[PDB]
Amino acid sequence: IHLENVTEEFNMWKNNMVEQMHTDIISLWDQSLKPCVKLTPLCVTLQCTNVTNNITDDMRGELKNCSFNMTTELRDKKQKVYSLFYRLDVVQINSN
Amino acid sequence: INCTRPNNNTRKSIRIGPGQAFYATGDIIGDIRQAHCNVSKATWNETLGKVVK
Amino acid sequence: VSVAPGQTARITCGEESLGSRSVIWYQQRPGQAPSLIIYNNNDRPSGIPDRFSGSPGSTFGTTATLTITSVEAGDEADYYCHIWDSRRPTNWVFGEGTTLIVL
Amino acid sequence: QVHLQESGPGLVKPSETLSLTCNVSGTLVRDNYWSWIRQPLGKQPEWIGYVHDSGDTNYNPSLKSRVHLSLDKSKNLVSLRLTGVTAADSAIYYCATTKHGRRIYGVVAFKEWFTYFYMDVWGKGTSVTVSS
Ligand SMILES: *[C@@H]1O[C@H](CO)[C@@H](O[C@@H]2O[C@H](CO)[C@@H](O[C@@H]3O[C@H](CO)[C@@H](O)[C@H](O[C@H]4O[C@H](CO)[C@@H](O)[C@H](O)[C@@H]4O)[C@@H]3O)[C@H](O)[C@H]2NC(C)=O)[C@H](O)[C@H]1NC(C)=O
Ligand SMILES: *[C@@H]1O[C@H](CO)[C@@H](O[C@@H]2O[C@H](CO)[C@@H](O[C@@H]3O[C@H](CO)[C@@H](O)[C@H](O)[C@@H]3O)[C@H](O)[C@H]2NC(C)=O)[C@H](O)[C@H]1NC(C)=O
Ligand SMILES: *[C@@H]1O[C@H](CO)[C@@H](O[C@@H]2O[C@H](CO)[C@@H](O[C@@H]3O[C@H](CO)[C@@H](O)[C@H](O)[C@@H]3O)[C@H](O)[C@H]2NC(C)=O)[C@H](O)[C@H]1NC(C)=O
Ligand SMILES: *[C@@H]1O[C@H](CO)[C@@H](O[C@@H]2O[C@H](CO)[C@@H](O[C@@H]3O[C@H](CO)[C@@H](O)[C@H](O)[C@@H]3O)[C@H](O)[C@H]2NC(C)=O)[C@H](O)[C@H]1NC(C)=O
Ligand SMILES: *[C@@H]1O[C@H](CO)[C@@H](O[C@@H]2O[C@H](CO)[C@@H](O[C@@H]3O[C@H](CO)[C@@H](O)[C@H](O)[C@@H]3O)[C@H](O)[C@H]2NC(C)=O)[C@H](O)[C@H]1NC(C)=O
Ligand SMILES: *[C@@H]1O[C@H](CO)[C@@H](O[C@@H]2O[C@H](CO)[C@@H](O)[C@H](O)[C@H]2NC(C)=O)[C@H](O)[C@H]1NC(C)=O
Ligand SMILES: *[C@@H]1O[C@H](CO)[C@@H](O[C@@H]2O[C@H](CO)[C@@H](O)[C@H](O)[C@H]2NC(C)=O)[C@H](O)[C@H]1NC(C)=O
Ligand SMILES: *[C@@H]1O[C@H](CO)[C@@H](O)[C@H](O)[C@H]1NC(C)=O
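Taken in sequence, the protein lines are chains X, B, F and S.
Note that the working numbering gives residue 78 to position 78 of the first sequence, counting from 1, and the numbers run on in steps of one.
Note that the working numbering gives residue 1017 to position 17 of the second sequence, counting from 1, and the numbers run on in steps of one.
Note that the working numbering gives residue 2045 to position 45 of the third sequence, counting from 1, and the numbers run on in steps of one.
Note that the working numbering gives residue 3105 to position 105 of the fourth sequence, counting from 1, and the numbers run on in steps of one.
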């Protein structure tokens, strides 16, 4: 609905309700995660190498290719599996 | 503004245990290129002229 | 590898494709010097005849072919592929020969 | 019009220095990228390498140390030197010219492209046999 003559002052900088918006999005983000799986048994020693690529020596690989151990559906069997990762997710533990 | 990643990717499902799925990144079919973004030249220069003015 | 005269034969050489590749096809008559046929994937130099079908380079996970149509007795030449992939290193040796035995 | 000429001694003692020369016709040595090619009988021929002025002299990393390609701008020839030829190098040899080119797939500025070569014209060949 529109109004005539009445004139009010506003201030974006001490305005409220933005604070509760920044609260609410964080709370919605956290509520959208607890029904999903944890990734605890994944922190394990990774055997890694370079992906198959004709690499110039001065350039670095953006993809690393790693293999490791993981528990199967049972508790007794364990299997060897491989995957890909970016360089910004693995670091060097400290021959091989 | 356009942005794109061109590398074709294949997901893969490892099982952790009873009823737990986990998604790796499998094979890569194609050449390894680099994901990037494009914008137009003259529109960007003209809008920067606007904000300078 | 043998077909009837005037026909088309299918000749493949080397590994499966990985990325974008550039292929090169060379031929060689016995006792003589080597010789070019196809320099890009489907391009041939001037002074060379047509009817030599090559493969496109965009297709991934395939094998490079070479189709000869309207064959003859003069086409009896040892063939050599030379692949260049954008993922594998530089092959300093040539591919395996596929000798044709014409009818 | 162009043609070439391979030339070599042919009979080399084991563990010895081999040399080879290649004669030109018409097109001078400055113009073209040159190449040497080795082939034994019933084998795929082996690209020994390519050579040109201004540092365009990348070699085969197989041998890479005991072999020196070179040119001859005075007499307009192509020169090859080896050192310590053993029994494995019994083959016929070839000099050639080559034409290069660009293959481009992705972005140009990010070096997502490479160069290729092909040897257009061939010489005659020389049957160098290493023997004691
Ligand atoms: C980001 O990527 C998107 C990808 O969709 C891209 O949007 C598309 O861009 C093209 C070209 O810039 C647009 O095509 C236009 O089509 C209109 C209507 O058909 C035409 O007027 C234009 O040219 C036509 O006529 C010319 C003669 O005047 C011919 O020479 C020409 O071949 C055409 O026939 C023009 O091509 C297309 O409409 C958009 N699509 C969308 C959904 O926006 C966008 O350009 C990219 N961003 C940047 C900054 O480049
Ligand atoms: C790194 O990634 C590569 C591929 O990008 C993975 O290499 C592949 O590993 C499998 C293991 O089963 C190899 O399969 C085998 O291939 C031979 C080839 O003939 C075949 O005889 C065997 O029966 C089996 O199928 C596959 O070849 C190999 N890829 C290549 C290009 O060699 C690898 O698992 C990843 N991890 C590393 C290297 O740690
Ligand atoms: C994933 O699981 C496999 C299988 O359990 C692990 O393989 C094991 O690796 C260790 C160390 O790499 C091996 O120990 C070594 O034994 C050899 C001879 O037995 C010895 O010379 C070495 O000094 C060392 O003691 C072990 O034998 C080996 N077992 C099997 C069955 O292969 C592997 O390490 C696990 N991790 C990864 C990242 O692959
Ligand atoms: C695969 O990786 C190799 C890396 O060894 C690439 O080889 C490189 O090929 C380029 C071709 O332009 C060489 O560049 C040349 O270098 C000289 C040096 O002065 C320069 O003067 C020339 O103008 C030219 O730029 C480069 O030297 C060479 N790398 C090495 C270490 O020698 C190869 O291109 C890659 N791709 C394929 C499809 O093989
Ligand atoms: C953003 O701007 C870049 C600027 O480079 C655009 O890159 C261009 O991308 C196309 C598509 O990959 C390239 O075309 C290719 O050309 C080769 C020629 O050998 C051809 O064989 C391929 O099949 C393909 O057609 C092109 O070279 C490349 N660079 C230039 C200078 O045009 C890019 O497409 C723009 N858009 C996006 C969404 O990134
Ligand atoms: C995987 O890629 C890295 C990164 O290029 C390689 O590391 C190079 O290692 C050699 C010898 O250790 C050095 O001379 C280079 O300078 C290193 N490169 C960089 C950028 O530092 C590593 O060798 C590669 N591994 C494999 C198996 O290809
Ligand atoms: C990305 O990779 C997938 C997996 O190979 C490609 O999907 C294939 O497309 C061809 C062409 O229709 C089919 O013959 C295969 O059966 C498809 N495979 C699967 C698993 O669906 C897809 O085309 C690729 N994207 C491209 C090339 O842009
Ligand atoms: C923007 O466009 C104007 C007019 O075309 C031009 O004079 C100016 O140099 C451009 N800006 C830059 C940074 O080049």
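Heads up, some of the hints might be wrong.
[Claimed, not checked] Residues of chain X clear of chain F, computed beta-carbon distances all greater than 10 Å:
1) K14
2) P35
3) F68
[To be verified] Calculated pairs, BS3-like style, for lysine-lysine (alpha carbon to alpha carbon, straight line, at most 30 Å):
4) B:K1012 / X:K78
5) X:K64 / B:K1012
6) S:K3099 / S:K3043
7) X:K34 / B:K1012
8) B:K1041 / S:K3111
Simulated from the structure, these hints should not be mistaken for lab results.
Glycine residues also receive a C-beta, built at the ideal position from the N, C-alpha and C atoms.
Structure-based check of each hint:
| no. | hint | in the structure |
| --- | --- | --- |
| 1 | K14 | 58 Å, holds |
| 2 | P35 | 38 Å, holds |
| 3 | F68 | 25 Å, holds |
| 4 | B:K1012 / X:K78 | 18 Å, holds |
| 5 | X:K64 / B:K1012 | 17 Å, holds |
| 6 | S:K3099 / S:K3043 | 24 Å, holds |
| 7 | X:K34 / B:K1012 | 23 Å, holds |
| 8 | B:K1041 / S:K3111 | 22 Å, holds |
Comparing the model with each earlier hint shows no violations; every hint is respected.
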